[PDB]
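In this view, the complex is presented without one of its protein chains, the others remaining in place.
In this document, chain identifiers A and B correspond to the written order of the chains, with residue numbering beginning at 1 in each.
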Amino acid sequence: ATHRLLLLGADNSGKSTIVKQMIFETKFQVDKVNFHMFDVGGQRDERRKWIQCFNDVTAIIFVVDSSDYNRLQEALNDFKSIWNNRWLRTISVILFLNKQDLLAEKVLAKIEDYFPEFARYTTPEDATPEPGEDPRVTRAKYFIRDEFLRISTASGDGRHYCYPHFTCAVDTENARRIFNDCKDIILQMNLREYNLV
Amino acid sequence: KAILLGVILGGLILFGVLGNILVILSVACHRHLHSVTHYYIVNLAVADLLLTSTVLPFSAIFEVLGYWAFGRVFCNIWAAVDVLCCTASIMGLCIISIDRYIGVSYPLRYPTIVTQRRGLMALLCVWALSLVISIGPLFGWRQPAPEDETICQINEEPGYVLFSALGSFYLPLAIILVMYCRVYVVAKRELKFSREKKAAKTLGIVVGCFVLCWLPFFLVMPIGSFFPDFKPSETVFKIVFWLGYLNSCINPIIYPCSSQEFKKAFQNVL
Partner (left out) sequence: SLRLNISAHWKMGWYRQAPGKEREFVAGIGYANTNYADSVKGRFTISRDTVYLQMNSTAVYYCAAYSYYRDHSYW
C-alpha cells in the first residue's frame, strides 16, 4: 500500500538531512506500510509537479528551519501560498519545525527584533515542552507555531487539516510522526465517507 | 378490503424493486465504484432484489386471495427462496458491519487486510451458509405436511427454527452491534456536540431499522414455536412477517445515503 507524500520544505533548512532517516523520489516504511515521499525542491525553482502531483497525494510535508529569523517571512509566504493554493487546497499539511536545537542556541544571545509583536504573545495554556525547558525558548517556538497556525486558520473551511511538530535535526522518532498523521488523515477521510462526521 | 391491501402491497413492492434496481444500476457504469465496500453494498442490493422481485408478489397474492393458487412445488420453492434471500441480506449487513469496523480501526493497513482474495470468500461463505439454512429442511427437518395444492405452510418445525434463528439472526446481531459499537467509539474524535450527535444519528438509523424490522419476527417465531402458551394471533404474525419484507425496501433508502459517492450516483437519476 503506497502513500505519495509531497515534501516541499525549504533550501538549507534540514530537509535533505531529514530525508536521510531510512527533485528525487524516496521511499520508506513503518510497520510494513510503504510511504513514497516525493521531494520537489523547495517551491522556489521547481513548480513542475504542482499539476502532476496535485491530486494523488495524501499529505504535504512542509519542513522549515526555525532558528534563522532572517529567513522566516519567506517561509510564512510559502506556507500562505501552499495553504491557500488552487490544486493542492484540499490536502492536509504536516509541518516540521526543524532545528529546534539550533533555536535553543540562537535564542540565548532576539526574536522580537525581526518580528516586532513577539512580546504581545505569551506562552499559552494546553502546551507541554520537553523536560528542562527555558520559558523564553518555548515562547519563541510557540510564537512561530502560532504564526503558522494563524496562517493555517485563514480559510474557514475545515476541508483539510494541519499537523505541527517540533523535531530536532537528528531525531529518530520522525517517521512514526508521518505514520500517525497519515493514519489520522485517512481516518478523517473514512469518517467523512461513511457520513459519520 | 381486498383491493386496498393489494394496492398498498403493490405500492410497497414497486417502491422496493425500484429502489433496488436503482441501487444496482447506479454502480454498473462508474468505474470509480469498484471497491470492496461497494461490492458489499451491491450484494445486499442483489439479495433484496432477488427477494422483492419474486417472493413478495406471491406473498401479496397469497394475502389477497387467502389461498396459494399455484402448485405445491411452487410453495416449496417459495419458502426456500424466502429464507435464502432474508438470511442472505441479514448476513450481508453483518459483513458490511465487519468491513466498516476494519475500515475505521486500521486505516492504513486496510488494503492489506481486505483483498479480493478474501473479500470474496466471506461473500461466498455467507451465501453458502444462507443456502445451508434455506435448503436445510428440504430433506432434513421437514415435518409431514398435508398434501393440498392450496395451502402453503411455513417451515415452523422446532429444532430447525431454533438453529436458524440463532445462527441467522442472533450471531449477526451480536456482530453488528459490537462492530458498530467500535465504530461509534472511534468516530467521537478518538464543539464536540456536532461530533457526537453526527455519529449517534447515522448509526442509530442503521441499527434501528434493522432491529425494528427483524427482531419482531425473530422474537415472535422461536418464542411461539417453543413456548406454545403465548400463541400469537394471525394479525400480529402477519405484521411481524411483513416487517421483514419492509426491511428490503428500507435498505435502498439507508445504505447508499450512508455514503458520499452512492448518494451522488443515486441523485444523478433526476
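As a convention for this text, a contact is a pair of C-beta atoms (placed from the backbone, for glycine too) under 8 Å apart; a residue touches a chain by one contact, two chains touch by 3 or more.
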> What chains on display are touched by the one that is not shown?
Replying inline: B
> Hey, which of B:35, B:105 or B:153 is the one touching the hidden chain?
Replying inline: B:153
>> With the missing chain put back, one of B:15, B:39, B:62 or B:106 would touch it. Which one?
In response: B:62
> Contacts of subunit B with the missing chain: which residues?
Replying inline: 62, 65-68, 143, 145-157, 234, 237
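Definition applied: only the chains that are shown with their structure count from here on.
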>> Rounded to a whole Å, what is the gap between the Cα centroids of subunit A and subunit B?
In response: 48
>> Help me check something: in the complex, which residues belonging to subunit A touch subunit B?
In response: 1, 3, 31-33, 179, 182-183, 186-187, 190-197
>> Using the touch definition from the top, list the residues of subunit B that touch subunit A in their complex.
In response: 100, 103-104, 107-112, 183, 186-187, 195, 198-199, 202-203, 257-260
